[PDB]
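Number of protein chains: 2
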Amino acid sequence: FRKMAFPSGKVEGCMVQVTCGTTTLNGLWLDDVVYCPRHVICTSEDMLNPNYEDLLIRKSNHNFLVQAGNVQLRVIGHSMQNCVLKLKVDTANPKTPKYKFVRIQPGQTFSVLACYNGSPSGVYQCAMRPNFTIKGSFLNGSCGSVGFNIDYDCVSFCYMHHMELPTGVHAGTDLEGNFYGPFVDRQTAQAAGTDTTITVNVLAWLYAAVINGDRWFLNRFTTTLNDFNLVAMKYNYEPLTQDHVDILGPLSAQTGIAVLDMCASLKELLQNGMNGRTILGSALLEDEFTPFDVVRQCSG
Amino acid sequence: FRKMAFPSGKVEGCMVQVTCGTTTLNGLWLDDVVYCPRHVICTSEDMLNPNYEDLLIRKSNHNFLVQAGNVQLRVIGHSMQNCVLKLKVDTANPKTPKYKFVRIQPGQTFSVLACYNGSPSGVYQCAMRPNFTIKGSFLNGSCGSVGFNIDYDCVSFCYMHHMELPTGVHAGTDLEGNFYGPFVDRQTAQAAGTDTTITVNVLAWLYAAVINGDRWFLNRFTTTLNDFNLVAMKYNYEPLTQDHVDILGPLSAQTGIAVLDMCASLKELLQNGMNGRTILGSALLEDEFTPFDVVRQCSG
Ligand SMILES: *[C@H](O)[C@H](C[C@@H]1CCNC1=O)NC(=O)[C@H](CC(C)C)NC(=O)OCc1ccccc1
Ligand SMILES: *[C@H](O)[C@H](C[C@@H]1CCNC1=O)NC(=O)[C@H](CC(C)C)NC(=O)OCc1ccccc1
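Note that the protein sequences, when read in sequence, are chains A and A'. A prime marks a further copy of an entry chain.
Residue numbers for the first sequence follow PDB author numbering, beginning at 3 and rising by one.
Residue numbers for the second sequence follow PDB author numbering, beginning at 3 and rising by one.
Just so you know, the hints here were simulated from the structure itself, not pulled from any lab data.
Among the clues, some could well be false.
[Claimed, not checked] Straight line, CA to CA, 27 Å or less: simulated DSS-like cross-link-like pairs of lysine-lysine: (1) A:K137 <-> A':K137; (2) A':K269 <-> A':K61; (3) A:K236 <-> A:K137; (4) A:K97 <-> A':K97; (5) A':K102 <-> A:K97; (6) A':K102 <-> A':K137; (7) A:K100 <-> A:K88; (8) A':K137 <-> A':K236; (9) A':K102 <-> A':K90; (10) A:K100 <-> A:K90; (11) A:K90 <-> A:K137; (12) A:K100 <-> A:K61; (13) A':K90 <-> A':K100; (14) A:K100 <-> A':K97; (15) A':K88 <-> A':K102; (16) A':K100 <-> A':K61; (17) A:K102 <-> A':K102; (18) A:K97 <-> A':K100.
[As the list claims (entries may be wrong)] Not close to chain A': a few residues of chain A, all C-beta gaps over 10 Å, as computed: (19) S10; (20) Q74; (21) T93; (22) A116; (23) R188.
Just so you know, even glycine gets a beta-carbon here, dropped at the ideal spot from N, CA and C.
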């Protein structure tokens, strides 16, 4: 059972290089609009305490160098929407896929196409942590790299990368420029909340495990929703609602294991640990597979 | 530190659907040639003990239904090269990337574009095990899905998926149709050798860990190449040669840690275990990152 990313093809043909002064980073070219982090306009000094309006006013269209591979793009318009810069260009992207912009909830997953100088380097699947960070692989220049889900032919862009934190975790925005979490595009010490495990994702993965013939963690015991949540809250697991239980229904019915019997299996792993054993070749409990990711991988 | 796959775009535009009788699977459309597993010609009954020459002789070009998205392709020629079928078609693939065919060594890594009915569903990074299997996510119809590395603009195709084994691991061929390992495209119980850990990959990942600020596993001790190998062979680790040490040189010089000091760190993890601790958020020792994968991710 592999952590699979979406095919990156449709997104690869939207990645452009954006330079403003010294600073270079990645932009997303959809229709006649390039989207990038607004901090492209900042010098290393500005990043400490920037007035973005004031900094942006000193910039004209011709200050923005947007390159797609070997072709230069002329900017005919620029605006700031929250923490993203929208550069209007002359040429609509011929490779623009059917797309929308979505703001995802904590615990949902997406594919990141990690880019450097408008050029894709690699793809991976990650989860939006309950504390609105991501544990990712982002070097300097990776900024403007985007997160996406693909439904049929439609790319849903959910994330654009802005910054790494002292923790080494990553913060960024939706494609409207609203940060996930309490974070600002400013170089100051910024605390992410205490992170919690995505309980509904872990259960989904225990169902994935059953389906793939790993059943050892299954026990005789059962439990209640309340009695479980009091174990969850102890072990910094996100509490389980009836919505979470209803979302797991397909997997419960597929394997013939009631959600609350699986919950009881989990308690004994949380209380007793793993005992040196593994589940789908993993010594830890995996929470970066949604119930939807598990069903889509198990049915293809 | 994420397990990153290559961007799949260039490979996505080469995936076609191939049907012969009832059996449907994926093909790779490069120039005027489609490549697929030869077992596309087998009925469920034939797969038990097939005479491929005899089965192929009963088939003519017009028996092979090759579809690319919504466009049908006429076959003007068919041949068997080892375990792959080469279908010559009228139309050269317009989306054919610069490509070559390579046979990789055990312990090397590649990206798999998992496909169903000629349509890409997802991408992941895996290693060719020392026993020439891969631990992958392949449902029925996934056959013909390909493994690849990307150097600059050049796709190097190394693997095509043929079969799952009783173990639940996966076997397949190079693009010339030669199986990795002792496996045959036949539905019989087939034993993979005892698998070993890719020692040079694990060391590369301990260097990745140091670079990313996780240094706890580092010890005062050192060791010798022989004294280490006698611990390696005990713990089913592939023995370490001077070639392996020379390949780790860049990472040794980058972090200022001699290979043999890292080897000594590893012994104490093999002998004492992990102690409930983690390294780059993993409770096990990771062997699916090559020294090349580590340097490319750490320099972008
Ligand atoms: C944008 O390219 C860059 C991405 C960083 C670089 C290291 N890892 C990343 O994810 N982001 C920034 O330069 C960003 C700028 C602020 C105005 C938001 N600051 C940032 O990431 O925090 C400082 C930092 C720099 C280098 C390593 C770790 C943290
Ligand atoms: C090709 O589409 C298919 C891929 C298998 C199906 C389950 N997981 C896979 O990787 N391969 C076969 O059907 C193959 C045919 C032989 C002639 C090589 N046999 C195979 O994979 O072994 C039997 C098997 C079937 C279903 C589940 C597990 C093993």
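- request: Quickly compare the C-alpha distance for A':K102 and A:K97 to 27 Å and report which way the hint goes.
  value: Given pair A':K102, A:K97 holds - Cα atoms ~26 Å apart, limit 27 Å.
- prompt: So is A:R188 really clear of chain A', every C-beta pair being over 10 Å apart?
  reply: holds, 23 Å
message: Check whether the Cα positions of A:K97 and A':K100 lie no farther apart than 27 Å.
response: holds, 20 Å
query: Under the criterion that the straight-line Cα-Cα distance not exceed 27 Å, is the pair A':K100, A':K61 satisfied?
result: Measuring from Cα to Cα gives roughly 32 Å; hence the hint is violated.
query: Do the alpha carbons of A:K90 and A:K137 lie within 27 Å of each other, as the hint requires?
result: Violated, at about 32 Å.
- prompt: Taking only the CA atoms, is the gap from A:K97 to A':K97 under or equal to 27 Å?
  reply: holds, 14 Å
Distal placement of A:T93 relative to chain A', Cβ over 10 Å: holds, 20 Å
message: So if I understand the rule, the pair passes when the alpha-carbon distance is 27 Å or less; does A:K137 with A':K137 pass?
response: holds, 24 Å
message: Please check whether the beta-carbon of A:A116 is more than 10 Å away from every beta-carbon in chain A'.
response: violated, 7 Å
query: Under the criterion that the straight-line Cα-Cα distance not exceed 27 Å, is the pair A:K236, A:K137 satisfied?
result: Status holds; Cα separation ~23 Å.
query: Given the hinted pair A:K100 and A:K61, is their alpha-carbon gap at most 27 Å?
result: This hinted pair is violated, its Cα atoms lying about 32 Å apart.
- request: For the pair we were handed, A:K102 and A':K102, check the Cα-Cα distance against 27 Å.
  value: Cα-Cα ~36 Å, so violated.
Consistency with the previously given hints fails for numbers 2, 11, 12, 16, 17, 19, 22, ordered from lowest to highest.
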